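Visitor: Take a look at the letters that make up each chain.
There are 2 protein chains.
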Amino acid sequence: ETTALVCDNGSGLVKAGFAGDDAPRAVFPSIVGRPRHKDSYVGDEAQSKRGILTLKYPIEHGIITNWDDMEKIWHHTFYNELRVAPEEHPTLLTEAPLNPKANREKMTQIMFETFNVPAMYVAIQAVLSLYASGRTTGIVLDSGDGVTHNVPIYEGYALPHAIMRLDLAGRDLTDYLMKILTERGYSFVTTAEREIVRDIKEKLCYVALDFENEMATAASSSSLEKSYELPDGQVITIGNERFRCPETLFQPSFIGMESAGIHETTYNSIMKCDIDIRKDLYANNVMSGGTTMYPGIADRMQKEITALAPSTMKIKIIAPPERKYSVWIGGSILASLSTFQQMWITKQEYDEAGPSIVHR
Amino acid sequence: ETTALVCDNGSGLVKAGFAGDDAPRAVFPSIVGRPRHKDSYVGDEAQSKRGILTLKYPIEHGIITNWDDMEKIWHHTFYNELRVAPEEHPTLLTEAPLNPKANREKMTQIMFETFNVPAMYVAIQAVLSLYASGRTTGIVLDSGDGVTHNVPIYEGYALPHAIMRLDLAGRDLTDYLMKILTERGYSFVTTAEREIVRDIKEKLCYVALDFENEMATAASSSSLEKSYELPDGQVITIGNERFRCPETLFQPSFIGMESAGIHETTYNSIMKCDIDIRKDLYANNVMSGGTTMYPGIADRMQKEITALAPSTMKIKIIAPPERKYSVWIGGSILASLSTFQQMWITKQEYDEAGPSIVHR
Ligand SMILES: CO[C@H]([C@H](C)/C=C/N(C)CO)[C@@H](C)C(=O)CC[C@H](C)[C@H](C[C@@H]1OC(=O)C[C@@H](OC(N)O)C[C@H](C)C[C@H](O)[C@H](C)[C@@H](OC)c2coc(n2)-c2coc(n2)-c2coc(n2)/C=C/C[C@H](OC)[C@H]1C)OC
Ligand SMILES: CO[C@H]([C@H](C)/C=C/N(C)CO)[C@@H](C)C(=O)CC[C@H](C)[C@H](C[C@@H]1OC(=O)C[C@@H](OC(N)O)C[C@H](C)C[C@H](O)[C@H](C)[C@@H](OC)c2coc(n2)-c2coc(n2)-c2coc(n2)/C=C/C[C@H](OC)[C@H]1C)OC
Ligand SMILES: Nc1ncnc2c1ncn2[C@@H]1O[C@H](COP(=O)(O)OP(=O)(O)OP(=O)(O)O)[C@@H](O)[C@H]1O
Ligand SMILES: Nc1ncnc2c1ncn2[C@@H]1O[C@H](COP(=O)(O)OP(=O)(O)OP(=O)(O)O)[C@@H](O)[C@H]1O
Ligand SMILES: [Ca+2]
Ligand SMILES: [Ca+2]
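If you read the protein sequences in the order shown, they are chains A and A'. A prime marks a further copy of an entry chain. In terms of the entry's author numbering, the first sequence is residues 4 to 40, 50 to 372. In terms of the entry's author numbering, the second sequence is residues 4 to 40, 50 to 372.
Please keep in mind that the hints were generated in silico from the structure rather than gathered at the bench. Cβ atoms here follow ideal geometry from the backbone N, Cα and C, with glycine treated the same way. Among the hints, a few may not be true.
Per the computed footprint, the stretches of chain A lying under chain A', defined by three or more beta-carbons under 8 Å from a beta-carbon of chain A', are [unchecked claim]: (1) 192-204; (2) 312-321.
Footprint (simulated), chain A over chain A', 3 or more residues, beta carbon under 8 Å [as the list claims (entries may be wrong)]: (3) 110-123; (4) 171-183.
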């Protein structure tokens with residue numbers, strides 16, 4: 004009878020819609036603009061007025077850090093993007109792996125006390141992605157605009173002790189591509205120019221199967237070169253930039269980070285898990301998030317994990333075509349399930365206990 | 004107190020000696036002979061017994077590809093050419109640009125585990141050549157018997173993203189000269205006959221300043237003709253063959269290759285480098301390797317880069333007279349430097365970590 008809302012709060016993009024739908028109805032930037040001199053603006057409007065506004069990202073590395081601006085994002089999501097009255101819909105919110113308890117309580121408080129929701133729930137993003145692939149056991153690589161995680165999941169639940177995190181994602185890859193092209197004589201600095209580079213990244217970048225062979229090919233021929241036309245009609249051609257950019261995921265030292273690459277964090281996560289469930293994890297590597305959209309990434313992961321894993325182990329990388337929205341879809345499904353309707357944290361329950369009722 | 008060894012492993016010739024000396028004491032062919040029916053032979057001995065041996069080149073296009081035969085080359089280098097005991101000398105080895113990491117680890121393993129060296133180091137050949145010219149910033153064209161590279165170098169370090177490679181060098185030029193003379197009625201096929209053509213190439217070939225004017229001169233007069241006496245007393249005269257041969261460096265289509273010429277790869281390398289350091293690269297083009305020994309090559313490069321580069325740019329091609337051995341000399345110097353003695357990878361360090369300690 005009543006429709007649940009699903010809201011996936013990302014570092015770069017907010018994905019929102021109605022439980023049961025196959026895609027989010029709303030997808031907009033996680034930005035809040037406030038007049039340097050309406051007291052606030054959200055998303056594309058905030059960016060269109062950037063010349064007179066101070067732009068802020070309320071979610072950093074997947075964690076909400078500015079609560080006033082986050083209320084404005086949720087307000088815009090409910091009233092403008094979805095045109096619902098939040099007091100009439102159970103609302104499923106998503107959170108990043110390793111989100112502090114206090115942070116989850118604050119989300120719970122805002123939903124109940126500011127938006128007056130009748131019931132709500134907070135789910136881990138990576139766990140939702142797994143569900144969206146039809147599995148309750150597996151290991152997810154979730155890479156977005158702000159953070160990357162490996163989350164091993166067993167019988168529906170994440171194993172927090174074996175979660176690995178890499179503070180490097182899409183925004184950093186875009187920054188790196190901006191920096192490379194700029195050194196080459198072009199100038200990509202403004203936010204307008206950042207949107208151009210983001211588009212170049214999404215359209216022309218790919219993950220090399222063998223980075224070293226690819227660099228050799230690029231050095232000895234132009235067979236890997238692609239051309240991109242800028243808005244002013246000017247043309248820019250890239251070669252090894254196409255794959256050096258996402259290679260950073262596997263070699264964080266490319267941007268001065270000492271961290272392990274996504275292939276190593278994947279193997280390390282599995283290796284922190286119970287020896288008796290590793291077989292199932294190796295066989296169920298699910299990729300999720302926009303930064304896993306690079307052509308070649310699955311084959312490259314397959315190759316890297318195979319080299320680290322014992323020789324007899326069956327390795328399988330699942331990379332669904334709708335993985336830009338896997339998290340949201342996982343939430344739409346869960347929130348639709350008959351079994352799940354007893355899991356909602358009700359307003360009455362919140363009024364009874366405190367925000368600490370939310371800890372699952 | 005202890006003398007370091009320098010060993011420069013080329014596709015055609017091995018150059019080896021002692022750090023501090025002004026030239027390699029040993030220079031011999033990179034060949035290993037194994038009896039079709050001593051289990052092995054190296055260099056000039058292998059070639060003298062070619063009629064009953066299978067000859068193999070363990071380094072192809074500057075990259076080591078046969079490790080068993082390479083051990084034999086190093087063994088011969090240490091024990092026979094230099095008459096040293098490798099366990100008493102730090103040893104500096106050279107590698108080609110874009111050498112795979114795994115390849116460098118295998119060299120490291122052999123040096124420590126098979127020859128028991130006390131300490132060693134692997135340096136990029138082109139970078140050494142630059143050092144031998146008294147510079148830590150510049151762009152080197154390195155052309156030998158098996159491969160050609162452009163390596164831009166800034167404050168002592170190669171910029172791997174802007175390295176260009178041309179899979180064409182001296183061996184291919186010799187092959188081309190063999191093929192041309194053979195079509196002309198002569199027969200140059202055997203390895204003995206290849207040595208004759210190599211000698212003709214080295215003695216009589218040159219790079220034309222203007223290829224098209226030179227072809228016209230050759231067509232309308234005999235003023236460019238030179239005569240060469242074969243071992244049997246027979247005389248062969250060449251005209252446009254003298255400069256058509258090395259022209260291949262600038263026009264790879266002469267041997268059916270779609271690749272860019274050495275002038276284009278030079279400009280392209282500079283253009284992949286930071287715009288703010290190009291001025292310094294244009295002003296510091298160093299030539300290195302035997303295939304850069306052709307009379308006329310510097311003036312021709314000067315002319316070609318000038319035509320591609322912006323009109324106000326100062327272009328300078330440095331072609332040292334000892335450039336057959338620039339790489340080795342650069343290594344002799346580095347390995348002698350007081351500053352460099354802390355850079356050696358020690359046996360203890362190798363025993364501590366793995367072969368991966370070698371990545372500079
Ligand atoms: C009750 O929740 C518990 C536990 C209490 C919670 C724990 N946490 C929250 C934890 O941390 C939890 C362990 C649990 O059971 C999770 C169950 C998962 C959500 C999930 C459930 C199953 O759910 C699933 O297995 C999901 C898969 O469905 C099937 N049949 O395989 C998804 C497909 C692989 C791909 C999509 O179809 C594809 C992406 C696309 O298809 C066009 C699609 C787009 O939107 C949707 N599908 C969609 C939107 O809503 C729905 N689908 C939907 C709503 O109901 C259904 N689908 C129904 C079918 C029933 C499924 O049976 C196969 C369903 C049982 O299991 C993988
Ligand atoms: C410490 O190494 C770092 C870094 C850690 C390493 C990085 N990589 C390895 C990187 O990828 C690196 C950045 C670095 O500093 C490189 C330094 C270079 C090797 C080089 C060093 C200089 O070294 C140089 O600048 C080299 C030049 O010397 C001078 N004075 O100009 C060479 C001449 C131009 C030509 C030769 O004289 C000529 C070919 C011939 O002369 C008859 C000759 C033949 O053999 C030799 N010379 C010879 C053999 O050993 C030596 N010379 C020798 C040993 O010590 C010296 N020379 C000494 C003089 C000191 C130089 O000062 C001018 C010396 C400081 O700089 C161009
Ligand atoms: N085809 C593509 N190729 C590469 N990257 C892409 C592609 N499409 C989108 N992206 C990148 O994915 C990111 C958005 O993904 P997503 O919406 O999953 O992240 P998010 O949830 O906002 O951030 P996070 O999960 O880090 O908090 C952006 O950085 C975007 O540039
Ligand atoms: N005077 C000369 N003119 C032209 N070519 C020459 C001359 N002297 C030597 N060569 C050529 O240079 C090559 C040897 O140069 P070098 O020793 O620098 O190469 P390498 O290091 O063995 O090979 P690579 O660097 O490709 O692995 C041979 O092909 C030889 O014919
Ligand atoms: Ca996300
Ligand atoms: Ca060489």
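Visitor: Against each hint, give a clear statement of whether it holds in the structure.
Guide: Here is how each hint holds up against the structure:
Residues of the stretch 192-204 of chain A with a Cβ under 8 Å from some Cβ of chain A' number 3, which satisfies the need for three, so the listed coverage holds. Counting residues of the stretch 312-321 of chain A whose beta-carbon sits less than 8 Å from any beta-carbon of chain A' gives 0, not enough to reach three: the coverage restraint is violated. Note: the stretch 110-123 of chain A' has 3 residues with beta-carbon separation from chain A under 8 Å; the three-residue rule is met and the coverage holds. For the stretch 171-183 of chain A', the assignment as covered by chain A holds, since 7 residues bring a beta-carbon within under 8 Å of that chain's beta-carbons and 3 suffice.
When the structure is compared with the earlier hints, a violation turns up for hint 2 alone.
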